[PDB]
Amino acid sequence: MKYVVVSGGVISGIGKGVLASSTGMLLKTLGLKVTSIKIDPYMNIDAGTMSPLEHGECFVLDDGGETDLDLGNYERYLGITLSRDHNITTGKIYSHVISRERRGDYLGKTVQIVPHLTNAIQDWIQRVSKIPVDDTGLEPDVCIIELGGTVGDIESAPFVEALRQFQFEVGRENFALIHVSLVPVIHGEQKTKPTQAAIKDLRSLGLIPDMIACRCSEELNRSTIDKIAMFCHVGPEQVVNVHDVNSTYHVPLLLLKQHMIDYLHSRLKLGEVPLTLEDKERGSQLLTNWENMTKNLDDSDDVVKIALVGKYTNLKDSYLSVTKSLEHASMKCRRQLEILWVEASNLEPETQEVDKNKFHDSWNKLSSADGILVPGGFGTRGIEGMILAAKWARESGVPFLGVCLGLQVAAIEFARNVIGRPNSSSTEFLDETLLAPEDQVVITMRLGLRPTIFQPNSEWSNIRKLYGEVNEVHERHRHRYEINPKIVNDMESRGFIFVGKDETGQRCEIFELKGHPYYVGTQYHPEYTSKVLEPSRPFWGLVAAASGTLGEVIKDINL
Amino acid sequence: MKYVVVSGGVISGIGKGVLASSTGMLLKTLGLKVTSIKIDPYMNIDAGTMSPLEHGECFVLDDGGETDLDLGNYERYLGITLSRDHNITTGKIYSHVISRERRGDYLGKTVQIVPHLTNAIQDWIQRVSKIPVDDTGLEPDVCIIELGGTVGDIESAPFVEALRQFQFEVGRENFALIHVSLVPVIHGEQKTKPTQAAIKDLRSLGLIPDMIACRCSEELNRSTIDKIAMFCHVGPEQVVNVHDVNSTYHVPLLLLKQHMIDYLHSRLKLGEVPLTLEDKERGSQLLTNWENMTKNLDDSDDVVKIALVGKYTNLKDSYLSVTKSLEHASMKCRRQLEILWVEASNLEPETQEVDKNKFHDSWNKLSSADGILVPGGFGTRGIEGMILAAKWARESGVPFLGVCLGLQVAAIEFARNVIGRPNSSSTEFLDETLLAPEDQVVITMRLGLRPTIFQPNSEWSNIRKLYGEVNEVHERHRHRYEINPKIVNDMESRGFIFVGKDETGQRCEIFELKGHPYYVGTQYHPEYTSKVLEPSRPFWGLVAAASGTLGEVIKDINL
Amino acid sequence: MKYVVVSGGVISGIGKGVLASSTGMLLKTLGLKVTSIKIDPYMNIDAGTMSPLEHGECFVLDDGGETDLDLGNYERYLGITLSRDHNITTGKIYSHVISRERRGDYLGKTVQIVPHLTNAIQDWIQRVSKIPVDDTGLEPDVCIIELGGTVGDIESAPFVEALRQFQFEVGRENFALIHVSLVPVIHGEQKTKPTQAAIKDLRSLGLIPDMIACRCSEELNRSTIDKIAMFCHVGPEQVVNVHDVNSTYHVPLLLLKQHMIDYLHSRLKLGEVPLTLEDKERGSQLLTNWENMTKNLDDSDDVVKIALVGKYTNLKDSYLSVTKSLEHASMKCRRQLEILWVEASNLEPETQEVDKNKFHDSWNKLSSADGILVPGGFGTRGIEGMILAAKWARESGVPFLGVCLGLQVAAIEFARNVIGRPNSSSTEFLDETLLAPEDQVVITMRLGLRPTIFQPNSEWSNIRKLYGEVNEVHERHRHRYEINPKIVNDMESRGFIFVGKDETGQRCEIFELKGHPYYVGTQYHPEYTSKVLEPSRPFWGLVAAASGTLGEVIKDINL
Ligand SMILES: Nc1ccn([C@@H]2O[C@H](COP(=O)(O)OP(=O)(O)OP(=O)(O)O)[C@@H](O)[C@H]2O)c(=O)n1
Ligand SMILES: Nc1ccn([C@@H]2O[C@H](COP(=O)(O)OP(=O)(O)OP(=O)(O)O)[C@@H](O)[C@H]2O)c(=O)n1
Ligand SMILES: Nc1ccn([C@@H]2O[C@H](COP(=O)(O)OP(=O)(O)OP(=O)(O)O)[C@@H](O)[C@H]2O)c(=O)n1
Ligand SMILES: Nc1ccn([C@@H]2O[C@H](COP(=O)(O)OP(=O)(O)OP(=O)(O)O)[C@@H](O)[C@H]2O)c(=O)n1
Ligand SMILES: Nc1ccn([C@@H]2O[C@H](COP(=O)(O)OP(=O)(O)OP(=O)(O)O)[C@@H](O)[C@H]2O)c(=O)n1
Ligand SMILES: Nc1ccn([C@@H]2O[C@H](COP(=O)(O)OP(=O)(O)OP(=O)(O)O)[C@@H](O)[C@H]2O)c(=O)n1
Ligand SMILES: [Mg+2]
Ligand SMILES: [Mg+2]
Ligand SMILES: [Mg+2]
Ligand SMILES: [Mg+2]
Ligand SMILES: [Mg+2]
Ligand SMILES: [Mg+2]
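Residue numbers (the entry's author numbering), protein chains in the order written: chain B, 1 to 443, 456 to 571; chain C, 1 to 443, 456 to 571; chain A, 1 to 443, 456 to 571.
Hints in this document: simulated from the structure, not taken from any laboratory. For every residue, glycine included, the Cβ atom is placed at its ideal position computed from N, Cα and C. Some hints could be false.
[Claimed, not checked] Okay, derived cross-link-like pairs now, SDA-like style, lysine to any residue, Cα gap no bigger than 20 Å in a straight line:
#, chain 1, residue 1, chain 2, residue 2
1, A, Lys-513, A, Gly-460
2, B, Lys-227, C, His-55
3, A, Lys-193, B, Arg-164
4, B, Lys-227, C, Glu-54
5, C, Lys-92, A, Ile-93
6, A, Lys-92, A, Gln-112
7, B, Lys-200, A, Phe-168
8, A, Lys-227, B, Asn-119
9, C, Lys-109, A, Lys-193
10, C, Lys-109, A, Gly-379
11, A, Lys-109, C, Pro-52
12, C, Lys-130, C, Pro-274
13, B, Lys-227, A, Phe-378
14, B, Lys-200, A, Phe-231
15, A, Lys-200, B, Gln-196
16, A, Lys-191, B, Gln-112
[Said to hold, decoys possible] Okay, the calculated bits of chain C under chain B, using three or more residues with CB under 8 Å as the criterion:
#, stretch
17, 186-192
18, 460-468
[Said to hold, decoys possible] So the derived label-pair ranges between C-beta atoms look like this:
#, chain 1, residue 1, chain 2, residue 2, range
19, B, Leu-254, C, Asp-262, 33 to 43 Å
20, B, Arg-222, A, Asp-85, 34 to 44 Å
21, C, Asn-221, B, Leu-254, 28 to 38 Å
22, C, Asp-262, B, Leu-53, 31 to 41 Å
23, A, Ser-284, B, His-116, 43 to 53 Å
24, A, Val-354, C, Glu-169, 41 to 51 Å
25, C, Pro-115, A, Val-441, 39 to 49 Å
26, C, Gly-188, B, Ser-368, 21 to 31 Å
27, C, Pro-115, B, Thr-110, 37 to 47 Å
Start from the sequences, fold in the hints, and give me the full structure.
In structure tokens, the structure reads:
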């Protein structure tokens, strides 16, 4: 086993999550079975209690574990599947050892937070890094630990102590620390004193740093690096600069130009880890897929405009997984992406009574879009705008994907505007009216990776061509409310055909509309399973249809 | 006595010197006899050893004390005269107490740096703040101490201890601390953790802060101030923001909008200091002169271009006092200033053999200028360019001021190009040739405020009109080399008339050329004596002649 | 080259000087040419200005450098000769670099205390550790640096930074840090939190510790060591305990039982240093001399009582070198030592008018003594008591040594009480009387190691037998006042024979009285040249005469 801990910061907004998700990617190019752990200093047990307004979207794992965003960034960069244990939190570990007290397992000793709770952290990291994460049950070679918060805090405090002991309870040369740090620029001069005042605290809290990964606004001066290597004890080759480049998928290749694999190969003796040619050649091939997709980003010019239609579009992190899946689908089509933020409530005609500028800008963005996405919203208060965009996408022939709530407004749209029931309703919203035309029903939660089976006649469905025509699809779910299955025999007659269903047959999970270029609902969330080299099939479908050449993508899949 | 200490910083480049020079200005509007002290953590005794390349120009005081730049900023903002004791340094105080050891004055005790050296600091600040600084020998009401370096360093260390004792050895309510601090902005969010990691160190080193003067890139958010007032113990009204505004002469009036006089009047009980109406009404009148000159800057549009002709123009701080004196002269003329940086060596014809672009850009800037300045350079290696600009200024009639070396190249120019001795030379440069046409001689140093007497016939001289026709002028000097007095009887015959001389008659200190709109040499430095409401008379002459209306300025002076 | 820095402390009184003087002794048993450096955070240039009341005696080096006590402890433990450069001080290094500024050697840069002054420290330690110190001009293999003050102070601050850079400017594995630390005991429990709050500061200031040398009141518990090895990163074998044992000459052998040579041999790779058999066998022989002299201390029982007669005897550190030389002489005679503190002014008959108890206790202690010492006092105010003890020692036949002032009161005693001039006087005291019987004269200072030549007839003198009958003696001096050489021809006739003189013949440096068992004056200081295995010959003479068997010691010397 080996560990690399990514850590530090003068400030908590500094962006450690790319250097974690990008260090682990570079180590996966050596062919190593890499894994990752997030530490979050917040008290939440797991993210399911905190709304998407409050620091971004509610992620989903194979377990159903509603979790921190930063798990998702490692899953999509590293190709790995994570579990709800990979998110260490102050909530979890304190709830764990305090529940263990009432169980009695410390034999009625004191449960001081030094010794015993820092021992539970060091045990949890050693459990979790041995859980398998790739397509086979082989245990990881290297674990990337992202230490949330900063080193020099009061929510960080048990973790930085636990990791001082863990620098020895796992031997040095099986552990390395990467310290992210701030180097401000003021009046044209690079200021390395915030960094030198977090190297003092790092040595004090007891870890010793290996890298000094500065988030400067610039290239670091040769004299700036020379002084950081005088005040921190690292050699000047190790003072990596992580400055902005044309997209975040380039960041691994900047770190590779900055020798970071050659340093980590030495500093953790990675030549002593046992690897097969099936490991190593997969490693060096994955490097060439990353060099190819970044070269394709560097000279892709032909734009594709996708309208993302929903509430809270000013909080873009409320959709981080939706955005990132369109970026994967974009780079695979070799069309450059623009996403058009349509704040759905502005499409509703009553907006014309409040501000006409909002009513025109939103319908302008929607009309300009080469493809349309209803992105699995939350709450109900924007729903009429999401219905109008689904009417537009059906009648104007524009490519369409409905995710989760998106499948459900598509059934509501089709009921109101093709089946001809204008009172038909989201039972998710208009409940205590008790009306008969209910497009949905509550069936109290359903979460995690679940099996979707294709219905028998489905051969013609573009969505089934995009899934490689395989009879079953494994994808991640969230929904309380599902389509009322007593309308399905009507929709099945009117050309709205339910391509895919749950294994009991009673629950509807995919539809495709007959006789449209690409119009799909998926009631699972296709966002979360997308990887940077394997875009999620419904999202690859959307960005292909909107680019043209949907047929040529269907060959690239099925060959 | 009262003290305000201006201090702090996450980073040393943060710009405390304006908040010091601008806090003391606001207190002078209450009519208080304000003084100021600079602390510089460097080991230099005094600045005379360190070249103008190395952190800016070599200042001069009335004593001849070659000193830190930051004395100058208080002198010109506050109208005060300082002495070489007002610059506390690590060099000075350690040289003082270690020389005092060999003298024996600690009675053969140990001279630990705690107790005894921190007692010498607390004694020095109490000596120095009682030295008089205004036009009358009245001792100061309030002293502004600017603590150089940062609070949380190893060159700062005896000063922050000395000032912890000084918070009591002078009572609280006779002392206040203003902590300047950094609040970075990253991804659009204001980051108050560098500030909260210098409030921790401040409390630790033992001073307690009063103000939290942030150097953010923005207006501070109401929520940013509320959190800084939660982690520092100041109330939110006291978290002053010191953001950029149209010129640094506005900064006092931003601090006045941010209640800083109303706070300091309370927090130091300044109503208990005895003031006359001659103090108070001078105070409130000086406020209206500052409101008037800042209002004049806000709608002055008519440009005046002054060529500053010399070496090292890329190091603008090598001329900070020259620049600032032109800004005072500008605002008094009500013309907006552009200074044209002419790197003098580019005017020399040999530059045409090296790069024609440099030869044209430099002569273009010089030809475009409404007035010309030879700014008292250092060394000799650009001198031929400074001679060509003096030839141009004489023959093309353009307004001219030569400061120090500027008077001397004007005599060399006039000798080569009007008297007709083309071999005549700077004895400052071409020494061991031993030639007879020496325009200068060494007479080993001459420094500080000295008396210049006008020669008898001088009545017609525009420079004597600008000095109010008063028979003697008191101004600050630096020169090893002076005009060879055996050429003067020739220049006096050719219309180059030496308007002013030293009290012995043997040394030449001012000239004005007959029959030119404004062409002056001054061998003293007129820069250093300029105040923000009293621009230095030769520099007011230059910016007036270049603006036109030199006659109207001569009425504004003599009425 | 190799360095071991001895450092640290929660408190400054903790006793680092034995662990320094005893680590270097253990390394000298490997045969290495060891040297040592003292750092003193005080501002004194050198100790000559600070009186023996103020933190102990005024030491003397071969240079004449009046220096810190702690040089002496290394000289006598390690056999080495030091120079006044081996005492780094805050006074010296700041006086050095600030004098270097007025000389100009930083080329007119800023002389910040970071970079430039910490570079002067790192240069000074690298100069000084290459100066030779043994009987041949071979440069040292290992240097012990004793860091005075504590790590976590403001007088320490440039040294701990300089030593962070010096951990790299000399490579790791050529440097090691030993951190002395406090482990209090309260209510019967060992408290390792003062230690854990100086390991935090050590890591912060940037050095990393190797040893954790606790000054507990007890043996450290196995659980106390296990927790210190959990919070500091050292392994539990390295947490040395330095508790009290029967004399400080045992301390090296406790550290040798605690593996400290086996650890330092590994941690500095001391097997790679080139050694001859003449080095190594001298090393292992010196170990057996230390095992022998400590075994002799463990079962020596026969007491010898030496009266030390002088002022300020309550300040025993005012005589630290005098005490330590008697301990060497004691262990060489194999008699256990008691020193009788005679506060000399109490022997004066006027004390009988003030307190009879003082008059009896002091004469009781003097009468009880097996031998008598006048220990080179300072000032004059106790002199009549020192004369009465010299009268007693001459007439009652008791063994006597006069050091410096001791030789001079012996001449004054002999003049008043054998030559018969009762008005004869110390010209050091009774000056402006201008009397003719002056026993002394001023000849303005005379310091350092000087050559003493024996006068021709001297063969019979016990002092010349103790010096091995060698014609010249090299020993360290301090005296303004010396015996008036115009009395010598009288004393030479009366049996007070001047055995030794300065090379000019004009100055008198040793006498021995004819026809007494052992009665010696030495006007040099014999204390400072004594080593733990080579006691100073006059002091070996005194403790031998007082033990009996002075003849048997004269064989042990001359064989
Ligand atoms: N490989 C990555 C990593 C991060 N991000 C972006 O980074 C964001 C949030 O910043 P991040 O780098 O994850 O760190 P912070 O949120 O600043 O938090 P912390 O510094 O506490 O880890 C999201 O907007 C996401 O789009 C990204 O686009 N690609
Ligand atoms: N740990 C440190 C670093 C620097 N200094 C001193 O503080 C002065 C001012 O600090 P600065 O020169 O700004 O050093 P930097 O570390 O570069 O600060 P910044 O990065 O903000 O420019 C330096 O000249 C130096 O003498 C200090 O006392 N302690
Ligand atoms: N009233 C003021 C104060 C400062 N400056 C400008 O500020 C400069 C240098 O910055 P300063 O504010 O004096 O502080 P720093 O040099 O950053 O140093 P420190 O923060 O260590 O005090 C010069 O360029 C000067 O033109 C100015 O124009 N007007
Ligand atoms: N002294 C502090 C301040 C904050 N926190 C914790 O650290 C987390 C991340 O710090 P941050 O939210 O960034 O707080 P700020 O002080 O604003 O940091 P910055 O100014 O850099 O944004 C906070 O949610 C809080 O729980 C802490 O442990 N100790
Ligand atoms: N080998 C040694 C070392 C020290 N001492 C005794 O130790 C004394 C002073 O304490 P020391 O151990 O030298 O250290 P401190 O004075 O406590 O100072 P510091 O801890 O600052 O080094 C003297 O009384 C001296 O007799 C000794 O007898 N033998
Ligand atoms: N660095 C540390 C060490 C201990 N503790 C906590 O503080 C409690 C009380 O400290 P103590 O048990 O006394 O630990 P020691 O380090 O042994 O303190 P001392 O040596 O003074 O007994 C411990 O139970 C532990 O939970 C802590 O918070 N931080
Ligand atoms: Mg925050
Ligand atoms: Mg993050
Ligand atoms: Mg700097
Ligand atoms: Mg400044
Ligand atoms: Mg003390
Ligand atoms: Mg000591």
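Between the stretch 460-468 of chain C and chain B, see if three or more residues pass the 8 Å beta-carbon test, and mark the coverage as holds or violated. violated (count 0)
Given the hint that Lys-513 (chain A) pairs with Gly-460 (chain A), test it: the Cα-Cα distance must not exceed 20 Å. 16 Å, holds
Keeping to a limit of 20 Å between CA atoms, is the pair of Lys-109 (chain C) and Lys-193 (chain A) held or broken? 34 Å, violated
Has the given pair, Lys-227 (chain A) with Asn-119 (chain B), been kept, meaning a C-alpha gap of at most 20 Å? 14 Å, holds
Next pair to validate is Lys-92 (chain C) with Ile-93 (chain A); report whether the Cα-Cα distance is within 20 Å. 15 Å, holds
Are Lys-227 (chain B) and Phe-378 (chain A) close enough, with their CA atoms no more than 20 Å apart? 52 Å, violated
Do the Cβ positions of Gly-188 (chain C) and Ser-368 (chain B) conform to the proposed distance bound of 21 to 31 Å? Holds: the Cβ-Cβ distance is about 26 Å, inside 21 to 31 Å.
Given the hinted pair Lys-227 (chain B) and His-55 (chain C), is their Cα-Cα distance within 20 Å? Holds: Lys-227 (chain B) and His-55 (chain C) sit about 18 Å apart, inside 20 Å.
If I claimed the Cβ atoms of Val-354 (chain A) and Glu-169 (chain C) lie 41 to 51 Å apart, would that claim hold in this structure? Given range 41 to 51 Å: holds, Cβ gap about 42 Å.
Below or equal to 20 Å on CA atoms is what counts here, so check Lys-109 (chain C) against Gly-379 (chain A). Roughly 16 Å separates the two Cα atoms, so the pair holds.
Against the 20 Å threshold, does the CA-CA distance of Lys-193 (chain A) and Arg-164 (chain B) hold or violate the hint? 17 Å, holds
If I claimed the Cβ atoms of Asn-221 (chain C) and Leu-254 (chain B) lie 28 to 38 Å apart, would that claim hold in this structure? Roughly 33 Å apart at Cβ, these two residues keep to the hinted range, so it holds.
Hint compliance for this structure: hints 9, 13, 18, 19 are not met, and every other hint is.
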